[PDB]
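A.B. asks: Below, each chain spelled out in residue letters.
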Amino acid sequence: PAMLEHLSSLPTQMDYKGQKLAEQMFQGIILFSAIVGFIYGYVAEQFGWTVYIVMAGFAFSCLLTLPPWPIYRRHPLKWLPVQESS
Amino acid sequence: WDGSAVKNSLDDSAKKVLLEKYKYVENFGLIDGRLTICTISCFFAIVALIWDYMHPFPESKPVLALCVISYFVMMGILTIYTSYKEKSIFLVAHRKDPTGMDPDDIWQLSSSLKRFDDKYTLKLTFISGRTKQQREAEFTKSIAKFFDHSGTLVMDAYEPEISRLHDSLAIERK
Amino acid sequence: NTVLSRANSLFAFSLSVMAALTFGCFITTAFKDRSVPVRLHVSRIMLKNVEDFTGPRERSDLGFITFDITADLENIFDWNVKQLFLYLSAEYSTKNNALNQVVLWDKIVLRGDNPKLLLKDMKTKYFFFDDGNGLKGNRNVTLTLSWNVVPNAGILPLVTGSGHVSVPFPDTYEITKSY
Amino acid sequence: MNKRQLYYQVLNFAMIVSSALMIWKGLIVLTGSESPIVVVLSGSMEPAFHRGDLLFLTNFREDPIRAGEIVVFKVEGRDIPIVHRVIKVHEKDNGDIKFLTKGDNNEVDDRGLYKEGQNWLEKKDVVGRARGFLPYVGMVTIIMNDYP
Ligand SMILES: *[C@@H]1O[C@H](CO)[C@@H](O[C@@H]2O[C@H](CO)[C@@H](O[C@@H]3O[C@H](CO[C@H]4O[C@H](CO)[C@@H](O)[C@H](O)[C@@H]4O)[C@@H](O)[C@H](O[C@H]4O[C@H](CO)[C@@H](O)[C@H](O)[C@@H]4O)[C@@H]3O)[C@H](O)[C@H]2NC(C)=O)[C@H](O)[C@H]1NC(C)=O
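Chains as they are written, first to last, in PDB author numbering: chain D, 66 to 151; chain C, 51 to 224; chain B, 2 to 180; chain A, 25 to 172.
Calculated directly from the structure, the hints in this document are not laboratory data. Fair warning: there could be bad hints in the mix.
Said to hold, decoys possible - Ranges of calculated distance between the beta carbons of each label pair, as one might list FRET restraints:
no., chain 1, residue 1, chain 2, residue 2, range
1, B, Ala31, C, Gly201, 48 to 58 angstroms
2, A, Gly50, D, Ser126, 50 to 60 angstroms
3, A, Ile61, B, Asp79, 20 to 30 angstroms
4, D, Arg138, B, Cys26, 35 to 45 angstroms
5, C, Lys71, A, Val164, 46 to 56 angstroms
6, C, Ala115, D, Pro135, 57 to 67 angstroms
7, C, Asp102, A, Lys147, 47 to 57 angstroms
Stated by the list, open to error - No more than 20 angstroms apart at the CA atoms, straight line, and that leaves these computed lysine to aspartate or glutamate pairs for EDC-like:
no., chain 1, residue 1, chain 2, residue 2
8, B, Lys121, B, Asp107
9, B, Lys33, D, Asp80
10, A, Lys147, A, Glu115
11, A, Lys116, A, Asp103
12, A, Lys139, B, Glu59
13, C, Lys57, C, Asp198
14, B, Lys126, A, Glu115
15, C, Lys191, D, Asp80
16, D, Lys143, C, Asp168
Virtual Cβ for every residue (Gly too), placed ideally from N, Cα, C.
Sequences and hints are given; from them, build the entire structure.
C.D. replies: Dropping the structure here:
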């Protein structure tokens, strides 16, 4: 019947503006850390420690991005309208 | 799965509502032209592989370079033909009984769903060739009126919406 | 959104980090567009052990050269070149047009060991022997040092130094304490 | 069945195969020689090139190969491309140039084909002069070659 297509349709609902601003700030922080690492590799003239700073920034980005935050589920309770049930 | 899969299931549900309610005639041609371009490029690739496997390289350099240039030209033509018609157009269909007269009834569909957006855009196009008239229909809706809390996209409320849209297109037609 | 999709985005961002380090290496290789000169000073060269050996493939001759070196590597070292080779090209002349500048021996040099190398009266590591034996009857041999680089990830050229030393040579004589 | 899934699989297969073989054939045409993208599998050049390093080649480029360059030839007894470094050189004025080569962490000159009747190795077994290298991709190539 039509009830099989009725169930496997909806993915996890997202806060669109919060995720867009978070992605913009994410790319800004990663690019700024890359610029600071490039200035470190230009002035202090070390390559392996520059790669270590880039990997430390990557680990910081993973710790700030990978777990699902309560902030990232609190805003879909406000930005999204109330929808019906079965 | 993904919002692109939601758009694909939405277009499939629109085609299912069309097939259950009014039964118009499908078309092809753009996907067939893309497959024709890819078949010709695969012909260039198969000829290049066989001619390189049967002949050594310093006696087979220039025409193989010509095949590389031909692949560049065919992929550029594929990109230009993508930029021609593969921007938004999805469904092409003829309507009922185009017999006895000039070929009328060009029914054309295009969809629009931006990245991280709660709004959907559907543009319908009806082209009639007797009077040479195109009719556009821009339908900007919010997606939040159709979804539910944990994975039940209601079609029993989306089907009267498509019924009202087809009534609007019937007013535009007649 | 999916956590696997976020992991794929982080993998694409790691590919962007790879592209950024490739871009930084491209800036680095675009900064070293000029070739570096190395000053060479060779003063005393002795040619001895000139033995004519009837080789089965060609009438060959054995040679042995004692030389001197004086170089400078102040502005040569950077923070991206990995390892350095040392050649010593000896240019001779034959009857069959074998106008070859040819290497006596080689040296492996790793960074962190010595920023400036200088010594005296060191003999050759590899035995010099020529098959085409054009030195016998020649009064002209040319010595010039060259040295190779290897970067971290870039293209490796060869950089030849300065100083062409022209040394004569007698006809048939065995050992000579030259200058 | 629905043929559109079959045409989409042919589409994706066409994309990946045409892209990979186009990059391969375009590189080996624009170099000039046959130029295989080779991977170092020997630990002879270990202070210079470690195990699992990628090397991309260039043409001879209208230039007689003098001493101080690395050459890549093919060992027929194992059918393996092996890189060494040119030390000595010989010249003949008819288009014939002979050369001697050596590997690091070695003591004996490599015999190969000829031993004592002629020069040490042959000028026609070389593929070309090397141009550049990657230290990161070759380790991934060795990891992919761990499961052939
Ligand atoms: C022994 O026999 C030789 C050959 O007849 C005499 O000539 C000298 O040869 C040496 C090497 O063969 C020269 O040194 C270097 O030669 C390089 C190759 O040049 C060739 O082509 C030129 C013609 O264009 C010939 O004259 C030359 O002999 C070679 O066959 C040059 O590239 C070198 O140039 C240097 O300076 C330029 C700047 O001008 C730099 O850009 C280069 O990088 C490089 O540093 C260099 O010239 C030597 O110049 C020849 N002449 C002299 C006077 O030495 C020898 O004279 C002879 N010896 C004796 C004692 O008789």
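A.B. asks: Compare the structure with each hint and give your call.
C.D. replies: Quick rundown of the hints versus the structure:
1. Between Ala31 (chain B) and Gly201 (chain C) the beta carbon distance is about 54 angstroms. The supplied range of 48 to 58 angstroms therefore holds.
2. Evaluation of the 50 to 60 angstroms hint for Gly50 (chain A) and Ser126 (chain D) yields a failure: the beta carbon distance comes to about 36 angstroms.
3. A C-beta distance of roughly 27 angstroms is found between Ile61 (chain A) and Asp79 (chain B), which places it inside the suggested range of 20 to 30 angstroms.
4. Checked against the given bound of 35 to 45 angstroms, the beta carbons of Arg138 (chain D) and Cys26 (chain B), roughly 42 angstroms apart, stay inside it.
5. With their beta carbons about 55 angstroms apart, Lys71 (chain C) and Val164 (chain A) fall inside the hinted range of 46 to 56 angstroms.
6. At about 60 angstroms, the CB distance of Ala115 (chain C) to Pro135 (chain D) agrees with the hint of 57 to 67 angstroms.
7. In this structure, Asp102 (chain C) and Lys147 (chain A) break the distance hint of 47 to 57 angstroms, their C-beta atoms being roughly 25 angstroms apart.
8. Taking the CA atoms of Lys121 (chain B) and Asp107 (chain B), the gap is near 17 angstroms; set against the 20 angstroms cutoff, the hint holds.
9. At most 20 angstroms may separate the alpha-carbon atoms for a hinted pair to count; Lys33 (chain B) and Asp80 (chain D) exceed this at roughly 49 angstroms.
10. Restraint check for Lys147 (chain A) and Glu115 (chain A): the C-alpha separation of about 12 angstroms stays at or below 20 angstroms, so the hint holds.
11. Our distance criterion of 20 angstroms between C-alpha atoms is broken by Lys116 (chain A) and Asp103 (chain A), whose separation comes to about 30 angstroms.
12. Restraint check: the Cα-Cα separation between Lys139 (chain A) and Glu59 (chain B) comes to about 13 angstroms, which is no more than 20 angstroms; the hinted pair holds.
13. For the proposed pair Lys57 (chain C) and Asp198 (chain C), the alpha carbon gap of about 16 angstroms is at most 20 angstroms, so the pair holds.
14. With a CA separation close to 24 angstroms, the supplied pair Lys126 (chain B) and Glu115 (chain A) exceeds the 20 angstroms bound.
15. Of the supplied pair hints, the one linking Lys191 (chain C) and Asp80 (chain D) holds, its CA atoms being roughly 18 angstroms apart against a limit of 20 angstroms.
16. Distance check on the hinted pair: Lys143 (chain D) and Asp168 (chain C) sit about 14 angstroms apart at the alpha-carbon level, within 20 angstroms; holds.
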